[PDB]
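In structure tokens, one chain follows: the form deposited in one PDB entry.
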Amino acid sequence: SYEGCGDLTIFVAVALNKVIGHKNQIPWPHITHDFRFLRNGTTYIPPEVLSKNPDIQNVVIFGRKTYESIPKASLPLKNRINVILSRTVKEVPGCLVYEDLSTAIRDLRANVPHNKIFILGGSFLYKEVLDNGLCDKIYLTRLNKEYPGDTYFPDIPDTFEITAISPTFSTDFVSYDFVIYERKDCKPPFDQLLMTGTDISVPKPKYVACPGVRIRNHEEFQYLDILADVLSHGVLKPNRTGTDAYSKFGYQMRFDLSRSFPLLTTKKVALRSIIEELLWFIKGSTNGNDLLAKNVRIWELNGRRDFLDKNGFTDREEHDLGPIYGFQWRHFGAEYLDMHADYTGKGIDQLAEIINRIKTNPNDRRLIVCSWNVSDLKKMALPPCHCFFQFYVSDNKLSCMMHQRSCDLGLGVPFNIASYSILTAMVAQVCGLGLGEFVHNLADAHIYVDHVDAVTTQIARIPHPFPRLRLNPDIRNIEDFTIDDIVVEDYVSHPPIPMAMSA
């Protein structure tokens, strides 16, 4: 029945609730970037094929209803053979018309010189294509938001897997990315091996994040790869906590903050806790009760009585963490008494200083906030892990680099990535700047023994498109941001993964 009708390639854009159409129209506001991706995907002809037949084109196939879903401004689709399937219309300007798919494909491959056939919907057509195994490859644009609709993309069969994932992009109404699914059952020159000067037979690593994904452009892969690399090649070392960890040294990640917000999607990350922690840093607090009071418990264990006493801090009030981040950001050099003291106008307000300098002298090469106050180290419950960051301006875009001396990959690193991304966005906004990159340096990167099963599970999870960040555009000063001013939209994630903190 469908003899000769296979290897049909689908292009579709699909909302989170699988909706693809609403009142015969696209359900979301137009994403022209998606239109260009579709155009580029469906027009491509390999160089070899094109030099032999230079007039050769691909085919696009639609139901009639989808065909009207398109303007005249862009119709019939330029440089491709347009084909419409329909039992009620006989003729359409610019197109070939067939009564059914099996006739169409047969006629096409027998009688119409073309390169590749693409399937552009709608549901009727997609459903026929998938129920009958006629598709070997899907180009799918994933939108991280639900839209009202009445037309849906069918579930993709378990016979398919994701093999490519673009970077996450965003408009101001949705975050999205592009992926490729391929049917599983049809999905290294020697000099390269020799010229390493090392073993020509190098056994593949023990741990590989998402082995089936061959094009790995989602920024989350940086974090997943590092996890895989420390599990594969990390050395188990004792450490101060008394819970051992597999450790490796030296990594650099970067995130394009103009495109998306790098809140990990491979587990549900406690965003509320990250935001309260940052606002806590900004206002200069070193009182752990300020976080507890807001139902954030991430700093509880390093301020507990037994932890303080274990480390010689026998005169320290519980949850007085000492002159850590908040104190150094706002009062570097001031004498730390305790977490209740008035430090107003005492020490150096690095945070204020550097924001003002970004405004007045963007090309300054010393835009640094440093929490590694060597004189204060002995007073600290836990010396800063993210101990140093530096801003940078070019082309009216702010970037930030942070140095992290000690990186708990399971627990803290995901917090750190998201925290500095927000800080950069805040700083960019109060300075009237666009968004560049967050560059994250890992020095001692490790995975605690009791997180191994957690992270093994995690790195097998396919990333969702990252979410996007919106700050209240009215906030003019970094000290004014409240939690309601900091909104992460379109966060799609896998389930939370419990991991215990080693104090």
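Positions refer to the first chain, counted from 1. Between two forms, the rigid core is the largest collection of C-alphas that superpose within 1.5 Å. What changes on going to the form deposited in another entry:
- Core-superposed comparison between the two forms: among 103, 79, 252, 74, the single residue whose C-alpha moves by 2 Å or more is 74.
- For residue 240, a C-alpha deviation of 2 angstroms or more is recorded between the two forms after rigid-core alignment.
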Contents of the next structure:
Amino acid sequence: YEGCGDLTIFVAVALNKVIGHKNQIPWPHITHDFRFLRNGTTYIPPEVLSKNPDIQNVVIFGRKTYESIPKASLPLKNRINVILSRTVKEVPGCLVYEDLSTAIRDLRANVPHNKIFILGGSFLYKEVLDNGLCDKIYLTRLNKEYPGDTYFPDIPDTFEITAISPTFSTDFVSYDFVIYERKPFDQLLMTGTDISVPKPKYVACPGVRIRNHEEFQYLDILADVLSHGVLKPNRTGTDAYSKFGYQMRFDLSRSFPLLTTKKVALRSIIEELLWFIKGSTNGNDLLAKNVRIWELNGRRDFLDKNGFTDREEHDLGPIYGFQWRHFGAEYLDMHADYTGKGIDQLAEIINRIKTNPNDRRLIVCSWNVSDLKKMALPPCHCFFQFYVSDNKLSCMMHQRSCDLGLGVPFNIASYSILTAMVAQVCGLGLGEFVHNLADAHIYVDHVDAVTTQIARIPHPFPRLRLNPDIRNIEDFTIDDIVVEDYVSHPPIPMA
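For comparison with the form deposited in one PDB entry, would you give the structure of this protein in the form deposited in another entry?
Partners and other molecules have been left off, which leaves just the chain.
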């Protein structure tokens, strides 16, 4: 295989590694992937094009893949098409070779071209990888298994992912684009400070250089806090490393930001959010769903410790649910009837959005200063604001205190669901969830867990499908809130 190196693969691959089914693409057409491939395989570096505007890229197929592309526009526009086979003679306007070894040498010695791309057949992928002729793989990752009979071979441990696109979705699949690859001083000087700054002790996925997956926002914050956070002790309790002031954003029209670097407990997230929506302050309602994230905060021991000796177990006081639905009402206990008492911020914001989406006062505030002394924990996600433009709903949330290990992944998914529900009930499209972190911290007993997590390569985000028949926010149940195509690394226990 002398002179046959530096071959570049383009391929789209289902979760079970299937690439073909009965000589056809196993999934419905993804126009975005057609365009991606077209763009990747037609690019000529300007300085090459400027000395001969004729120069073109080579695109190589196995026989069956050629016969699989519609017999109409088979010669792919603006590219040299090459097909390989030990049986077929010659193809209309396409170079035909017996084997790959000979194909590459003939093109590289005789035919003026820029770059060679390997575009399909498991047979052709196999030879290329098995011998080491590929330096680069552009791979479209699909988060769903499909029936098929043709598969992409395993990628040798000699490759690593160096690039991940943002996550995208169609009505039927979520997906992204990745690149696998084998294996200026003024910018430093003009910080005005130390030119030889020690490398941060922690870096998320240090092999990935083009980092466009939205999950890197969260992983980078994890690495930042471990690297630079100040230790905040607490007597009676677990210490944490802390750093202040971050902003993340998630495009909710593209995908649903359920973290993939660990298996996140979606069911608990949804049940907690439905409980907020109903205005509940009764921790038993969550326990009945075997959701235990609020349990420790409702216990006899914890309540007494905080002065609420007269308060029934799992009566959490005037927390989120109460503020969302009854801001300003006098809190009694979790059993009281608050109908028509206080301000229903959630109802009012939905009505306001419908009535005047340009209102600059679309806010729900859970920071009820007068009520703080009746909660054992002050609200954490304490203020959010909606915004409408081009008929798309966005949301910005202020998180006072951010448990990065356990809490923040819940908040990201929770507010994303809430934004989608509100958009649906108000007849709006989806914009962005913008997440402001104030005190962002990592508990010291989570250090090892998050060190493990930041090394893991994000999978494409899943996508959210709400039941389209739900007209009112109070009508959503867990069965109406469906996350599709969630692919995650294993769960990481955190106390």
